[PDB]
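Assemble the complex: chain D is given as a structure, and chains A, B and C with the ligands must be docked to it using the hints.
Number of protein chains: 4
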Amino acid sequence: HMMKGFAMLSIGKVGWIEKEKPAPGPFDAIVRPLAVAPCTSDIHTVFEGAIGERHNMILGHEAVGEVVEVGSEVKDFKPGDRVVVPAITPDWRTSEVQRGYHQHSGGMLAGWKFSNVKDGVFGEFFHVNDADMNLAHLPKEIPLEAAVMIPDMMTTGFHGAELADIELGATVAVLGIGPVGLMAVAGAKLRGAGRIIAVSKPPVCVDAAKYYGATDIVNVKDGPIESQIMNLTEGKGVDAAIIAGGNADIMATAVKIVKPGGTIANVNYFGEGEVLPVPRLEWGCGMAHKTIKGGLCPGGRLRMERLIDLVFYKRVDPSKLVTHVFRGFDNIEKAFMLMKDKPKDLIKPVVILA
Amino acid sequence: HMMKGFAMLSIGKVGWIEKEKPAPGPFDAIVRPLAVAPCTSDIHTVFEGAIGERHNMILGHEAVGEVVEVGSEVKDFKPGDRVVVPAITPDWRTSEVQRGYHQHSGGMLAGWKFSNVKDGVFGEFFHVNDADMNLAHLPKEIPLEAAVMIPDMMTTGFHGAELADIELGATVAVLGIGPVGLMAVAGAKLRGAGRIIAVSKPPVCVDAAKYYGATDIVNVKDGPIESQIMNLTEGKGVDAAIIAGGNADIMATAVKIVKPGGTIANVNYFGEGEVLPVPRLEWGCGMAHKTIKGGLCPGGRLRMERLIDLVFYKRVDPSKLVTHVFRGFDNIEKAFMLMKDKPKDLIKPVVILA
Amino acid sequence: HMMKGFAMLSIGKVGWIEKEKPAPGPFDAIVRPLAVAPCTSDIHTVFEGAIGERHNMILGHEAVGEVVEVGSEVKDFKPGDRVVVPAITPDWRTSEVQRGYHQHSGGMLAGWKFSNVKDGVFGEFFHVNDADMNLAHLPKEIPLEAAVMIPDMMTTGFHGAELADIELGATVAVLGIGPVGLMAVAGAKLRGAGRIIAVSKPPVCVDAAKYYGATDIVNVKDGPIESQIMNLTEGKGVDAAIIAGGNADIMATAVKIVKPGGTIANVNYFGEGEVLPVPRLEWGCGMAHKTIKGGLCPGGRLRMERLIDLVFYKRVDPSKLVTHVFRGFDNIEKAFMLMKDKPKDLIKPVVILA
Amino acid sequence: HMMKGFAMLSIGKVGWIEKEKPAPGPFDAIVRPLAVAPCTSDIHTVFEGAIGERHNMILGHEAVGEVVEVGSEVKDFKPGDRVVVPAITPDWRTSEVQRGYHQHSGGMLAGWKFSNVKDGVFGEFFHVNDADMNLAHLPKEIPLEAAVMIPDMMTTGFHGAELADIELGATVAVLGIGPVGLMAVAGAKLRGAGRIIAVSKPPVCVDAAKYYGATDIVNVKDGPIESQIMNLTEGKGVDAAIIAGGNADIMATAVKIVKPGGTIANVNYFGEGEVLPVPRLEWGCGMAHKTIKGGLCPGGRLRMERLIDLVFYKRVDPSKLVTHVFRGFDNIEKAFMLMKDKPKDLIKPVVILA
Ligand SMILES: [Zn+2]
Ligand SMILES: [Zn+2]
Ligand SMILES: [Zn+2]
Ligand SMILES: [Zn+2]
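Note that the protein sequences, when read in sequence, are chains D, A, B and C. Just so it is clear: in the first sequence, position 140 is 138 by the deposited numbering, and no numbers are missing. Just so it is clear: in the second sequence, position 20 is 18 by the deposited numbering, and no numbers are missing. Just so it is clear: in the third sequence, position 192 is 190 by the deposited numbering, and no numbers are missing. Just so it is clear: in the fourth sequence, position 157 is 155 by the deposited numbering, and no numbers are missing.
Chain D with its partners taken away, still in its complex shape:
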């Protein structure tokens, strides 16, 4: 009745632990993973303690799997179903849900439970709260390596594009093309952007940017970002800027390149610094109408259902994000380490457990 899981032992230390296999509440489900993917979040969780001290916590929160047990009141999911599990699995009966922000259901960022306040998906099984509200059915027609890009990568990048308030034909710059960065680009093509400028530090995975809708690549090795983008837009700037990675000073770049009345949409997790700087003069001394938004990705069944459809109806192919495919539980560790030691060919690895 036991299970192995790849865990954070303490800040700096990871290892395999072994626990009682979890029991579902009346509304929850127990899922075994079919594919999983590690993210930079887990590294900052373990090695920089970006979310504080943790002890013997199974890592990972991007998984698609097979439901194996359901509580007595779970009505839409039965043992055997292939499901897509959003990284964010909020508690759906809170006053924040009545306000429309499920990401923060029960506290700030509290919709994010995996490898934060509960054991994550890097185990033989994991626990999904409120199955009927927090799982989506996975069509057979969608491959696992593509599906596992939906729980975080796709929903975050697309949320960047949602937050940017893009108008048809607007010119959009994307700052940082990690895997989320690339999805922000597809997210902008999905909101009808015209010109899409992808800005990356070397090494640039250019083909991926162009594939997902980029019209220009800006490489920081060719000069400051603000200068490159102003020159491309003949001084007008961009209608929106999506921040999908970088240091705190990238926020000032965003304000500096967005035209008045445009929007800076941040989806990046800033791990260091006490304040994120907003430049005074380039924010109009507070009046340039440059709206700044910054949000955690949506989770829950509906968001997953809606992005699955984007994948199924051939609107976006997230499989080009997957640069490494491993098989078998032992490789979960190997894949985890690839995210620390950042190589050159790497976007995102996927471990298929089958």
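Among the clues, some could well be false.
Chain copies aren't distinguished; within one or between two, either way the pair holds.
[Unchecked claim] Straight-line Cα separation of at most 30 Å, DSBU-like style, residue types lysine-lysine; simulated pairs:
# : residue 1 : residue 2
1 : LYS312    : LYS208
2 : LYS208    : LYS318
3 : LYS254    : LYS219
4 : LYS116    : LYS254
Hints are computed from structural coordinates only; laboratory data are not their basis.
Then chains A, B and C with the ligands, alone, in the frame of chain D:
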């Protein structure tokens, strides 16, 4: 001097007339057409008198052309510049512009001047009010047959999708696939729709729908729409429905297939009837939260610039709308009549003057 | 273990009956009523069968009360708590709630459960589903006759003003000034309306209208509404119109008085007709940008909490809506009858049980 | 036909100078001022060189006056008209106006022309560009000391409340109660806020705050702002926060007291510092969904007409902002200096010219 122009002589009669070539005021410009396209709107105007009697009114309101004269205070356009002229050319200094509705600058629909309250583009020359605000430069790289779909077809169909409040992955139905309908399909793809259900009466121009993003074709000859669309969506309905053509009874269809909280976005010109019917029960007896919108397409310099970019950055290829291309002024009549009797191969015709 | 309740016996007949006292599930609460109100809704249900046949269904859905029993998992409400019970008490775990429409949680209007799919509040006890999500604590400082205006009247009227997209200083027309209409008048004042024109059939309850913020009274006995409003507004029309009562043709009137780009917000229950008429010409032949909205009122704890604060912080005093106050269970029968055959002094009656 | 005007001679020195009376262009008007008011902005321009060096620039930008000359094309305004002149008088024919941001018509803050790129209202005459778009008629029934609060104070404060996305019953904090702060309080009551917490530096002009709708006063002398507001709102924070004054660090306070999903609405001119700090942990490390907005107040004819109606229909009485009334041109110098330091509980002065 004089000019040739194809006019509505009176309700029921069209023919070529002769006028003084119009002169520009200090802010206007005179354009001669390079390519023009006729629209059904002119048909409802001439043969159904949908806007009342007119006498010797040059018809047509879709053109790209060559500036030949400009007023003393026009700053961005010179004789010789190739320009895209939007169907809607409003007066930009009215209280309706400060309210955010330039389409109704000076009264309901008053932003639409060509072949409504001023002579249209089916002449050797025509008058564009407020040149710097109402003309867009045409890049050499964009062909004329494709560029002339921007003044009405592209801006209207897209406006249908803008009004529909489309969310990423939403399911969208498009009712009526004329040229405008087809652009509503492209617009829905541009707002990130997943499944897009295109509904037409036979003959369905299927290849065009599929090309611009349709995932399903509903043929009215196969049974009532509502029954077909419910069966496609396993009873759930659609998140939005864009009306781009049909009789008044199509407004009820839209309401019957949209789920509660969905949006019916109308861009169709209803030419006959006293009422457009809203079915009481399926509008929840006034409480289903099915919002209905109906709007004239945006025009002006910025709208055209933003859609030109959508063509330019390979977002939408509107050239597949153009099913008939003729050359020479004489053929304006031939093309105009093509819009009266609707044959089967016809989506949109274009007359090139060169 | 029985209880008396005032019920719809069958279509056409009401009477006091005796039922099993309800039991709460682990998430439910049992409330005894402290004050109740009858609604027109109950009339259309009983005598016109608006929601079909029913047998022994306790009527009524506006109550403030005292919790007497709670399920094992209720955390925020205990036996003894005075609470405001919203008319809409939805199931909070549905895909419609993730879409943002709890009113339609599980189907159209399904957030409306009382005297629809479950026994209403005209009993010695009634059952509130999901107490932690669907009850609000009632401060002692708020009188019961005012509090019982919050479950439907205040939230429906205010929803009318929320939907109208009222801008600061906008001119708002409210069509029909019953209790809901009067709260829409106050709703338009709370959203910053300047001029607020109240339109009523005789006898006009003017004093309440002016008291809730109306600046003009239009009496229909003095002539057609459309002609009256145009003369008041020097031909310009109104920025928004809230429909809070009338026949189906009041929709067509609303469209005729709203300026282009304005909004028609409906909160009225339309009981007869196959269609609600939208006039084609005055709706711009489908292009006047006159947006039409029609929605059921919000419910749940957060909606109630927020209106409770509006009364508590002296933003709105709903008591002037209450024209008849009785004491004792017996007078629920008398109050119900007042809703049919509506006399001249009557807005809304309240029965206090104490 | 010369005129004297109160000018910024250079950084640090002001004085009465002599200039040619300005002439109107064909669309412009010349106004003589009837009442005027100085603002802190002119101080930051004069003594801190906030907009760089200027020479012989007439100051001041809040005035209501009398039309004395009109251009050949002015159609809605004649010599003799009482007009309210908004601080922002933008050029209405730029692509930034088509995007919906007239404050930035022609560049960042470029809708603000008075005492920036043209002579301000502290002269015997001043020049209003594009009269038909930038003047509103002033009813006799509105007193001058009240009317002159509309060009800047009322429109700025209300814009703070417009930007905050306030929901009916929401809890709103206003940080800083200068004159703008007080209008922001009135703005939050006009968007239907329930609880309104006004936060000020000592000494608090309390009576004004309560008059415009404040329900709680927070004094910084009783402890840090963050600590107090958490205590008042039992840990939940406020749904929105309007910044109407303070140093750069007040932005961090704002982020710290607003709940996840709330909005920080800034209308303050931040004059010093290189960065405005957004605190990382309280901004969700980039994901708390705390939207930050910052905007220049709206201008133009319609904005003024709409605030005039709010005053006219007794929705807001701004005269309580007017604490000092002086008479005569000579007193323009005296009134200007009151704005350079903390004088009294009174603050904002008005000069009546009659
Ligand atoms: Zn992640
Ligand atoms: Zn047409
Ligand atoms: Zn009710
Ligand atoms: Zn000022």
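We went through each hint and held it up to the structure:
no., hint, verdict
1, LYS312 x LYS208, "both (17 Å within a copy, 12 Å between copies)"
2, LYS208 x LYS318, "both (11 Å within a copy, 25 Å between copies)"
3, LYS254 x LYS219, "within (18 Å within a copy, 36 Å between copies)"
4, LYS116 x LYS254, "between (39 Å within a copy, 26 Å between copies)"
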